[PDB]
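Just one protein chain is left out here, and the rest sit where they should.
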Amino acid sequence: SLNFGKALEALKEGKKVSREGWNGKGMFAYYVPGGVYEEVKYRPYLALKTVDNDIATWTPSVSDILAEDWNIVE
Amino acid sequence: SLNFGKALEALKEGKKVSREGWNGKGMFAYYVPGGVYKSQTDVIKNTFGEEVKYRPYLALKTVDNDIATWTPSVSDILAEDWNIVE
Amino acid sequence: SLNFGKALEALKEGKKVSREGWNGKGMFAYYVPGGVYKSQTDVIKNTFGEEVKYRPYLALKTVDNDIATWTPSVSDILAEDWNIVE
Partner (left out) sequence: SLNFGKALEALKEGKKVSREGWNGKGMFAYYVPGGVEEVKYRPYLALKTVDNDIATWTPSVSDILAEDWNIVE
């Protein structure tokens, strides 16, 4: 049971995190670093592997930020 | 300058936080505790019940001295330029 | 099944909206209007002023019968499975 601050550090280190309140085992969020792609530089962002096994751009809600039921998933 | 994890700690303790670009704009965020409010109208009771419980949330004083119930953006969460503002 | 543009118009009209694709069932979002209120202490008046204007925002009745501040995700905005809930 971690707060969002330590879950954010885990994200910035490349780890996967999830919430017990999400009610979705298999769901995890991860951090995508920024990069340069006549060259375009992309900002870092957060992503989520959903229950539909697809990738979606993720923005934490206020409940996610205030929650203290975070866990690091392998 | 602090990361968002330490800024969230100051928020939960009743302090005000702000990013570097917000000073001069009068902007800061603060934490509002949750509560329980009693329903008055039957239409409110028929949808929410006799009582309605609100979760804790965050507020943000904008540049116009008006208050917005705030959801931090990804750039705010990934930023490391937060400060405790007195 | 509506897109988010028509669900937003329903929100601004005071209606409640929900998505079929949401895993949590029984949830809906609704529109909270803005307001202006009187300050009750010197600490607020010396930081805000006499009147505090509050911006409108969106709330979500969760599966716990709780009220949380809500910001739609990108998937919510692009989805076309919205309906008005009575």
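Some notes on this structure:
Labels for the chains are A, B and C, by order of writing; each one numbers its residues from 1.
Please note the rule applied: a residue touches a chain if its C-beta (ideal position, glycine included) is under 8 Å from a C-beta of that chain, and two chains touch if they have at least 3 such contacts.
Considering the entire complex, the omitted chain makes contact with A, B, C. Although one chain is not drawn, the whole complex shows that of C:15, C:45, C:53 or C:55 it is C:55 that touches it. Contacts to the hidden chain, counted on chain A, fall at residues 34, 40-43, 45, 53-57, 59.
Although one chain is not displayed, chain C still touches it through residues 3-6, 8-9, 12, 55-58, 71-75, 77-78.
Although one chain is hidden here, its contacts on chain B can still be listed: residues 68, 71, 73-75.
The definition used in the following text is that only the chains that are shown with their structure count from here on.
Residues of chain B found to touch two or more other chains are 55, 57-58, 70-71.
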